[PDB]
Structure formats: structure tokens, C-alpha cells
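Have a look below at one chain only, the form deposited without its partner chain, in C-alpha cells format.
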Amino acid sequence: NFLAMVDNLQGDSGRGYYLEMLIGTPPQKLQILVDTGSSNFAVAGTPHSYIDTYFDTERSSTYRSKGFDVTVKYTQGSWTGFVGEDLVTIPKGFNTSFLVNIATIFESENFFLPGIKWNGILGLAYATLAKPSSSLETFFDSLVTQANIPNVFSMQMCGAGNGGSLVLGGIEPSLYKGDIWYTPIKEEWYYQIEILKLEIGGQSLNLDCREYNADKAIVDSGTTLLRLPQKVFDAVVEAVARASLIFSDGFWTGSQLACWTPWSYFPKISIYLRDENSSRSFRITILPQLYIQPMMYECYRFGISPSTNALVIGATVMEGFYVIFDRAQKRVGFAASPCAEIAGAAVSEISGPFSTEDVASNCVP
């Protein structure tokens, strides 16, 4: 029933796309961040002054404790929760109960932030990232097993410049347009893909392709901006600045906004990805509309930021496409998305193929 998995995500103007879930018996309703960058299902298990609601295990007759807690740390934020299992329903999609592992948070720091509307997280990446270990089966793996659905999910995020769709168990034709292009997953932990080349206003950066996979290049719906390793971030900033000619130093680091559209003053940025046939590639392109972001005449943020360790294709880039996480065939797909528009104007482009003769056979160090 793919057509009832349409418009099941709310985007609350850029603070994460979240899905509504009924958890336990009788059902408690949560709002859950959809995150392709982690692998735990974790929800608030006690009151917190920044959330409206939490999951109370004592009010569920089908909840079973698993007899250990788990501590998770991120670069920013951390939490400890009890591990247990309970029944889950997704009203917009899966109105049949499946039993999943769940972490109920009773201690945290800089995790529930003021104004945020989600009170848990749905981690959709591979078991290898699961905490405390890969043997804690992930939500999607439980769904695949119990529902006999294919091992594929996909995502349309429609909030460029208000929500979108998570399709569990497949692909929805009305959500994309034209051809799907697939790039292999290189490692099944994150959705790690192989980036071959960055191009600014039609000119490629002068950097070894291994810089782009410096550690890892990943597709992560739980990250806001396009994130780039420092070296790559600094080269991109120079290439953008020179190709537009308008800037205070603080615009590039996110410490100032620029107030004025400006979009015609900035260049396209293209990411080249290896195609499932290794001898070609395809590119995804974002227009200034996605990375020069109106915040409220208007005032604008640079939608790219530095990372210590990863190139992260985050939610702002994903708003430019229909994205297919084809676990079964070990690939990620990208297609043009009808809803990737600001007042009818396109925000993004996708094209291919291109030869990969000018580039190393393996760009992943």
C-alpha cells in the first residue's frame, strides 16, 4: 500500500522530518525523527521540559524490558536509555503491529533542544552502528522480517526554501520523474557512497578524489546542511566566492546572514557519483536555491558547513531529490523530484552518464 505512505512526514520548517508512530498497548503517540545516519530506535522515556510527550513503558501491557540500558554519545549530545521491546504501528503506512527494539531515554544532555517537535529518533542505517552492538536488531530489519516487505526504503523531502514521504518497502513512481540513477553502497554501516568529483559553476575542484571520501561520504537525513571535510569545505568556499564576487568572512562560517533574489549571483554545485557500472558516473547538482537559504526582502545562510571527518549529504541536499535506499541491492538511488521547487523554480538537477577515465578506480581511501 505505497500510496498511503505518501505525505506521512512533517518537516516543521527545517528542524527535521518526522513520522507519527503509535507505540505499545494501548498506543502512545510519538513524533519520531527519520534518520538514515543512525541505527537505534530511541524515544523519550521521562518528562523533559523541551518535549510535549514521552513514551511511558508502565502504561503499556505489551512492553517487555530487555534487562540492560544503553548509553549513546554523539559529537553533540548524548543519552542513556533502557532497552526493551514493544509493538509499533505507523498509521500513515503500516497499520499492522510489529514488535521492535526500543530505547527509552531517562537521562540526556543537549539532545532534546528547545522548540524541537520530535521526541524520538528512528535510525534507519545498518546493524553495525547499532548500540550497544549490532545484535540489537534495527527497526527496519524487524519490519522486513515480520511484514515480508522488500528490503528497500525511499524518501521524498518537500521542504526546500511542510513535509514529505517515507516509503517503507519500496519505491513510489509518483514521487519521482525521469530516470533513477544508482550508486553502490561501499560499506554497510552508514549509507556510504563513493564521490568522484565536485564541480562549482562548471569547473571542477582541484583536489584528489580521496579528499571527498576522507573517512567517508554518506547520505544522512539526520544532518541539516551539506557537510564537507575542512580541506574540501575551504576549497568550496574559495570557488563559490570567486564565482559570484559580491563577502564578509562570517557569511561562510554561518556567523552572519546576508540580507538583500541573490540566487542568480551564485553558481551550481555538482557532486559526481560512481554509477553501478564503474566505468561511468552521474551527477547530482544543487542550485543556489538549496545552499543560499532564506531564513525568515530576505536574509540568507550559507547551507554548507565543515566536518572533521565526513562528507555528509544531509537533509538540505536530499530536499533536491527522491532518494532510494536499496539495502537489498546494496545501492542508493537518486531521481529528480516533482516537489523540489521554490515557487515552480527548480532547485536541483540530475544527469548522466559521464566517463570515469579521468579518475582513479577507487576514490575511497
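Residues that one form lacks are left out of the comparison. Numbering follows the first chain given and starts at 1. Basically, rigid core = biggest C-alpha set you can superpose within 1.5 Å across the two forms. What changes on going to the form solved in complex with its partner chain:
Once both forms are overlaid on the rigid core, the distance between the two CA positions of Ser355 between these two forms is under 2 angstroms.
Core-aligned CA deviation for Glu20 between these two forms: less than 2 Å. Core-based superposition between these two forms shows that the consecutive residues, three or more at a time, whose C-alphas shift by 2 angstroms or more lie in one run only, 12-14.
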The other form holds:
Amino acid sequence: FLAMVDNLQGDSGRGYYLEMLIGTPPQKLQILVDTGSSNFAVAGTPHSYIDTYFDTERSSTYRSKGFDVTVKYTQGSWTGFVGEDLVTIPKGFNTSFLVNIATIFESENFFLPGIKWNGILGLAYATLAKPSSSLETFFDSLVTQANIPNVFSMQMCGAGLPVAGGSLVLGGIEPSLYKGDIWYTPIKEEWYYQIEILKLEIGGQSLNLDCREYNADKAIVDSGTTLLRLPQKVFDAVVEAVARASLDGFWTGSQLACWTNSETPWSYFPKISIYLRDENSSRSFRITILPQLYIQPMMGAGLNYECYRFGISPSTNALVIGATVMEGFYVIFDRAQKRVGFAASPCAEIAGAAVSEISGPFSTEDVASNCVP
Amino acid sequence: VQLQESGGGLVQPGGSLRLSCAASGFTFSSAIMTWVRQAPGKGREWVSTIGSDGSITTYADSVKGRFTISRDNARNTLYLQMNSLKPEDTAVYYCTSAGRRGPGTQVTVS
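Structure of the form solved in complex with its partner chain, please, following the form deposited without its partner chain?
Next comes the full complex, this chain leading.
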């Protein structure tokens, strides 16, 4: 596990990436970590926004499965040949492993400008894999061939950083990456890491909303999404609650909002808290993000002002707990026990101040027995 | 995805055994297949993996040389051939694919 500390490069704005050696002899690739999908796919051709691609003809241990797969996302898709090859994770495993891999020969809106990765690692469940749940996921391959528990945890250390590293621990929990207690919330469904949101608070204040709005379709934890995404109706409630507590295409991400450095904008904004049901259903815990996490700096130090992006965008189908929230917490994907754990990330600090908080237990007498429709 | 292992039993040390995994409910011939064992009082141990076309085979050092993984794609069957068995091969052996496994077959080497 200690060999896996700081095995990630990147930042929330662009994503976090793992380094991988693929095939014989090895081809080094920079792989995005996506707990929101279930395929291992890499560039298979030259493309305008990647330095490098995996050449299956240059690998003696590559073996084509003789079919291709298409994966559609919300915005952006790709189509790739499916093969098997031997992979090594240098920062974590001395031994190499045989996984399925798709080699992208057609994509649209997938490799974007300024991106550092040239592949993605789907860490979600078998049920989401394409073309079917029968295509053994990368982590399922890893569990079996590496003898590790069915658990991985993730820490991003990008808070404060200009939008324009971390650790992925495969097979458990690294105690040097947190302090305090881990709070566990059950996984409601095994496809996405779907969990149950009870309440949203904006500065100690509950939104009027019914608890089901939060799980409208589903509430998921997804490292491959940048922002905290909310169902259109919930998003509108949060904007109006934040706005009437602070002082515009800002909210909708058409404009940035700028301040001179003396103006210290981080105090004018409220804290946002998401309540989650504990394994004991009679209690809940609270994950809190400060302004520093959702009022995001664009440029970084250099000028005598800063421009800021709003780290919360609307969504149609899901409530997506993305990097905007994941930057605050060490997140434990405890597949073996069907639960997701949260602890505060010691690295989530700016100017010595924690930019996230965790606390509980709180009673759930108030809320319905099941917020999941 | 359904899987069924057989072939286990009580064998003497230095003996030999063939395990079988009959697979149904998915296209076996497209699937990476893996054998894992679970010895008593020990952690689960990976044994051997085989790529779908059966030309790539990998083995645990502890079985390198004695065990042979193989598959018959036409008959949706996976094999593990085990020679020079020793008391520490006593384990339940599980055939496994896409996070699914069968009920196992116990092997006892006294």
C-alpha cells in the first residue's frame, strides 16, 4: 500500500491518472481513474490531443478477442477493438496481470485538449461493463490474480490548485492517508457506487426538498466526474440557497467571478453538507465541503486577482458525487462489504485550514425509511 | 454466468488429479478464465489464468511446473491438470470469471 501512496498525477479539473505498462515489451500509458464506468480502454491510433497510444502490433503477448465495443457517455463516446494483454502497475505491483483492454480507433469528444491521460480505467461494477457484464473488469482481474481484498480506496490532493496528485490504494486502506474515524454508508445497488443521500444542508440550513429528489434516478460516487453534479430541480434549489447567502452566468458556468487578492472571497460563501445513512439505519453521518472546494480558483498565484469557477453543475439523470467533493475525503470503495467509507483527507487543506469536515452520528428519526425510489 | 467445478477428491502425495469447470450462460470462448484456491487457515491464493484463445497461460510460482491450465472452448470447459500433488495443495479450488465463481471443489492431499 505504501508503494501506492502518491501513485496518481493530475487534479480535479482535468482528472487523476495512474501510470501503466502494457504488453511485451511494455508501452507506458497514463490512465484516468473512473469509478463511474467499468471498461479498460486506451487510445489505439494517433489522435490530436494525446502524445501516445497503445500499438497492439508491437506487443507479442497481445491477443485480439475478435470483436469491438462502443461506449456512449453523457457527452462523448468511443469505439475500440477488444483484446487481452499483460499489464503492470509499477507503483503498487511488481508482478504483471492479464486484463481485457479496448483499443480506441474511433472517438468523438473523448480525448479533449489539455488532458494528460490517454486511457481510462473503469473501476465500477461488472453490471456496467460493455458489451456485457461478462467482460471481466480490470479490478476483478486484479483481485483474482493479485490476491488482494475486494477493496480500493482513493485520495485526491488537489484542493486549492488552479483549474486552468493523489493515491489509489488497490486492495485496501492506507492508514497514513487519514486521521479520525471512517464512516461507512451502504452501497444500495452494485453498478455505480450508488449510495443513499438523506439531506443537503447549505450553511446549517436544510433545503425544503423531499429526500427522494436527491436519489432521483441515483446518487453515485464517481472519480471521473469533475464537479458535484445535481438533478436539475435540486441544482436550482442549491443555487438559490447559496446565492441568498453570498455576494449571473457564474452559477451556470458561462462566466467566471473575479476578486483582487485582498478580497479573500472564501469566507462570504456557506458550507455545503450532504448527509448519508450509516450502516445502522437509525443514524446518519455528514460530509461537509467548505467554499475552497466549490469556489474553484482558475489561474493560481501570479496576478493580483483570481477568477473562480462554480464547482457544481446541473444534471439530468444522476446526483453525481464528483471530484469537487472527493477532493475533501479519503474514499474507501469497500466492495467486499458492500459499503463506501469516508474520512477527511489531511491533504485537503489550504493555508493550514481544512477544506472539508466529517461528523456524526445524527439521528434519522426525521427522514423516510428509504430515500431510494 | 454460471460455473461448476468438479474433479476434487482425496489423493496421496505425489499423486495427480484433473479438475473441470463446466461453464454456462455466457460465451465462454470469449472469457479470460482463472483458477483460485483457498487453503484452510490461509488467505485465498491465485493458481493460474488463461486468456480466451487459450494461448496465454500464467501460473503461481507455488504451482509452476506441476499444474497445467487448459480450456476446450467448443465444450465450454476449463481444466486444471495437477501433478506431483503435495499436502499444501489441500484447498478448495474455484473456477472464476468476471467476478463470478462456482461452488468449488475440495482437494485433499493427506
